[PDB]
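In structure tokens, the next block holds one chain alone, the form solved without its partner chain.
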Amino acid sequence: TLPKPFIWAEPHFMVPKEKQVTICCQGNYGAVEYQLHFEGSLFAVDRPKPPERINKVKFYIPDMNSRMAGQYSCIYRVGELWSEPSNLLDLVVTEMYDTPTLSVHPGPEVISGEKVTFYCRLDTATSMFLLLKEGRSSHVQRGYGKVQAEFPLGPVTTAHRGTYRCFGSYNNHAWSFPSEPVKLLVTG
């Protein structure tokens, strides 16, 4: 009946503790009420006025903390009907406690075709590790292991070029400090 809303974070979902993030919810033009929900509770509300030209609302979150790391959703109202929930957004808090180390095999400089594997180590956390690829063409990989996890990339191409940082975690939504970057140079 009502177009399903859409939720996303800005800049992205990895929020360093004490820092800020903005959660955006898109509903529909004219909607008079938007609610941001967090783990079964009401987090924030926004009532567009005038609503005719508005179809999105921004929820600002300053001073990020682990108690705010989790699953968010959004619903909006037009008249007396409420919409179905939006997609589920997971916010994680970073820079918690320690700093893991990152290493790569065979080395930081390779030619297309060489199999590359990254290794993240942190002995004071859980088995869940994460490999982040900086800049554009960004994304996050996850790996598991005791004290250390590996992230094999298989044969690489120049597309694998970029800066990498890894994270350790204390639970699925609470991550450590990013590791020192490793700039992978691919030739060929």
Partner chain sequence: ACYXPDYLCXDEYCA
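Numbering follows the first chain given and starts at 1. Compared with the form solved in complex with its partner chain:
The rigid-part assignment between these two forms places residue 75 and residue 123 apart. Relative to the larger rigid part, the smaller one has turned by 19° between these two forms, according to C-alpha superposition.
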Second form
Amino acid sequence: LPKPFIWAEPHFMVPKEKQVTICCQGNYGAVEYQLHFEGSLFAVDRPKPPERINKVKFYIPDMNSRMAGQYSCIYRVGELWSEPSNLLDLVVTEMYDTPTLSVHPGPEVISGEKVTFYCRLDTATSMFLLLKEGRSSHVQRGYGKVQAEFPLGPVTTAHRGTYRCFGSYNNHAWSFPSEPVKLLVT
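The structure above corresponds to the form solved without its partner chain; please provide the structure of the form solved in complex with its partner chain.
Only a single chain is listed, so you will not see partners or other molecules.
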């Protein structure tokens, strides 16, 4: 059976109390889809009639930390189950508080210079995220009591852009985003 594909709409980073749909694309004619969450059965969809369906939607009306974590799906044709989809990380954001983002040496640098970002949030855990706007798949994770560092190394113009950081209350439960810091590389 083709491997199913799993994604979140509109996005996998969902503010608290906002909605998300988890989509699972299987195969036309598949008769049962399961959505798994962290090793448990979260929901089942049984397409009726199945011959017109290759994907199923699971709606979450009000996002919270108990529904944040890893999801996967599988589907069935006759007695045979597909292999699982890749894992979807569904993350709740805007939890509790707002961190401060800083940068060394500063926001304006020349190509070649080493840049470090710093994310501080005293009321959170030791795990922090650095997010370049536009590039959620390249989110960097850092570890530190009170604050974490994110060394970029020697930068080029590829590193130019707008950054925000998050503190975390668990792996999938993140703070409000920091105010943005623009990195200018000349």
